[PDB]
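Novice: Here is how the chains run, residue by residue.
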Amino acid sequence: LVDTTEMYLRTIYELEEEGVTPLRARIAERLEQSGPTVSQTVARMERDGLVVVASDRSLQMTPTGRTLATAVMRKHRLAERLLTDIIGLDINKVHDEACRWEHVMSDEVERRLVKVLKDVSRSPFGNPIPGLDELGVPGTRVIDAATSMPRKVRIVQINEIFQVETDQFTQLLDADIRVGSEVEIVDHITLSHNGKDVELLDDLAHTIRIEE
Amino acid sequence: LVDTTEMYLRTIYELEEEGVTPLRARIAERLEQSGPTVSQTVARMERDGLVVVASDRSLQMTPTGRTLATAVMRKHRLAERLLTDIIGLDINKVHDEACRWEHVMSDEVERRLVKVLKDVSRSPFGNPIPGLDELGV
Ligand SMILES: [Zn+2]
Ligand SMILES: [Zn+2]
Numbered sequence: 004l005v006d007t008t009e010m011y012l013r014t015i016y017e018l019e020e021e022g023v024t025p026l027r028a029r030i031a032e033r034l035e036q037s038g039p040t041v042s043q044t045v046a047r048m049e050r051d052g053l054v055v056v057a058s059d060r061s062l063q064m065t066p067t068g069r070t071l072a073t074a075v076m077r078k079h080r081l082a083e084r085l086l087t088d089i090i091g092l093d094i095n096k097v098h099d100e101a102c103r104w105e106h107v108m109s110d111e112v113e114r115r116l117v118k119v120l121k122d123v124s125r126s127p128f129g130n131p132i133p134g135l136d137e138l139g140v148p149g150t151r152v153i154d155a156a157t158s159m160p161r162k163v164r165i166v167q168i169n170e171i172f173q174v175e176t177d178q179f180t181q182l183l184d185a186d187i188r189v190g191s192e193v194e195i196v197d201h202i203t204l205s206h207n208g209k210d211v212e213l214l215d216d217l218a219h220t221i222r223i224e225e
Numbered sequence: 004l005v006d007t008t009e010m011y012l013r014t015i016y017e018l019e020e021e022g023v024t025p026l027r028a029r030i031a032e033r034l035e036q037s038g039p040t041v042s043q044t045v046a047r048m049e050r051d052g053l054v055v056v057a058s059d060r061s062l063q064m065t066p067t068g069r070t071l072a073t074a075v076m077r078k079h080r081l082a083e084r085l086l087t088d089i090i091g092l093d094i095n096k097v098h099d100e101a102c103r104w105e106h107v108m109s110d111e112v113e114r115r116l117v118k119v120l121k122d123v124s125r126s127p128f129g130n131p132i133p134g135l136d137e138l139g140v
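Keeping their order, the protein sequence lines are chains A and B. If you count by the deposited numbering, then the first sequence holds residues 4 to 140, 148 to 197, 201 to 225, one letter each, in order. In short: position in the second sequence from 1, add 3, done, that's the deposited numbering.
Don't read these hints as lab results, they were simulated from the structure. Check before you lean on any hint, since a few could be wrong.
Claimed, not checked - Every beta carbon over 10 Å from chain A, so not counted as near; a handful from chain B, in silico:
# : residue
1 : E19
2 : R33
3 : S37
4 : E49
5 : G91
6 : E137
What the hints assert, rightly or not - Sample of chain A residues facing chain B (criterion: CB under 8 Å; computed from the structure):
#  : residue
7  : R47
8  : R50
9  : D51
10 : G52
11 : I89
12 : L92
13 : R103
14 : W104
15 : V107
16 : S109
17 : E111
18 : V112
19 : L116
The beta-carbon is built from N, C-alpha and C at its ideal position, and this holds for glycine as well.
Same shape as in the complex, but just chain A:
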């Protein structure tokens, strides 16, 4: 999304990366925003729990704020790879372009990019591309991945150890639906594999995870 928060978080991330203290004046100067504007925005981020102002008044991203900053930097750099590797955009405009793009590019497009690009280790500007492992390039909860139209997915985990109800244990074994098995999912959530279809119960639907 085209967030001011995302802009702020990625900026804190960038400074830290450069070995710079996430001081508010550095953020403002970097974002060209004024001191009062950054404080107004930082105070808003603290309430959303994405940042915290350290002792030295430097800004520390909470785990959530950091996960977000990382996604944004991932999309940013993945965008730059597309821009130079495929599109061929003037190298002097690739960064400024990607600054907008990091805000609109979806996770799905990032995975396609990771598959279609030759090397996604670094950005054209020599910086490592973060969050790839979180992008998935374990899984997503079947119930969350469950669309009203049948889609094929690869079983990531069944969380058998966390289940209280085990009635569906043999049912999945008969349907040959195991870890690594490419099985269809939909939205009750019925997983289909080996031709057979297992209509998951609430507990398994929430727990079983599948990648893409």
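Dock chain B with the ligands against the given chain A, drawing on the hints supplied.
Specialist: Just chain B with the ligands now, with coordinates in the frame of chain A:
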């Protein structure tokens, strides 16, 4: 840029493209935004000289508003081609993504896409890509 103005202009273009009359109520419904909100935004657009509210309370885009409406549709359609032809994004997600990208793509990227893509005549959805001539490509 991610303008609401751009969102309104591209929506009027779309309606026109369907042979539908750009009525404030149709824009409201297409954008989901409320009637007052549309009236409020259309008012601002008029003042910027991008649209005029015609006799039948239909919205006519000034030549300026139409140049922009078209540029946006062009980036939209050029984006969709990149997503389907190169990136290989799921066809069922191409439009919504392009709906975001149309606001951020630059004219330099479009010219590059025009050069790198095999056919920029239509979008993956059969609609003709407008403004190519004005892009200078
Ligand atoms: Zn960059
Ligand atoms: Zn579209």
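Novice: Less than 8 Å between beta-carbons is the criterion; does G52 (chain A) satisfy it with respect to chain B?
Specialist: violated, 26 Å
Novice: Hint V112 (chain A) vs chain B: min CB-CB distance below 8 Å?
Specialist: Since chain B brings a Cβ to about 6 Å from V112 (chain A), closer than 8 Å, the hint holds.
Novice: Quick check on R103 (chain A) please, does its C-beta sit within 8 Å of some C-beta on chain B?
Specialist: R103 (chain A) check passes; min Cβ-Cβ to chain B is 4 Å, inside 8 Å.
Novice: Double-check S109 (chain A) for me: the hint is only fine if its C-beta lies closer than 8 Å to a C-beta in chain B.
Specialist: holds, 6 Å
Novice: Does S37 (chain B) sit more than 10 Å from chain A, CB to CB?
Specialist: Nearest chain A Cβ is 22 Å from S37 (chain B), so the label holds.
Novice: Holds or violated: is there a CB of chain B closer than 8 Å to the CB of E111 (chain A)?
Specialist: holds, 6 Å
Novice: Does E137 (chain B) really sit off the interface, with its C-beta more than 10 Å from all C-beta atoms of chain A?
Specialist: holds, 20 Å
Novice: Does the interface hint hold: is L92 (chain A) within less than 8 Å of chain B, judged Cβ to Cβ?
Specialist: Holds: closest Cβ of chain B sits about 5 Å from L92 (chain A), inside 8 Å.
Novice: Beyond 10 Å from every Cβ of chain A: is that where the Cβ of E49 (chain B) lies?
Specialist: holds, 25 Å
Novice: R33 (chain B) clear of chain A by more than 10 Å, beta carbon to beta carbon?
Specialist: Consistent with the label, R33 (chain B) stays out of reach of chain A, its closest Cβ about 20 Å off (over 10 Å).
Novice: Could you let me know if the closest chain A CB is still more than 10 Å away from the CB of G91 (chain B)?
Specialist: violated, 5 Å
Novice: Can the hint on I89 (chain A) be confirmed by a CB-to-CB distance to chain B that is less than 8 Å?
Specialist: holds, 6 Å
Figure legend: structure checked against the earlier numbered hints; hints not met, in rising order: 5, 7, 8, 9, 10.
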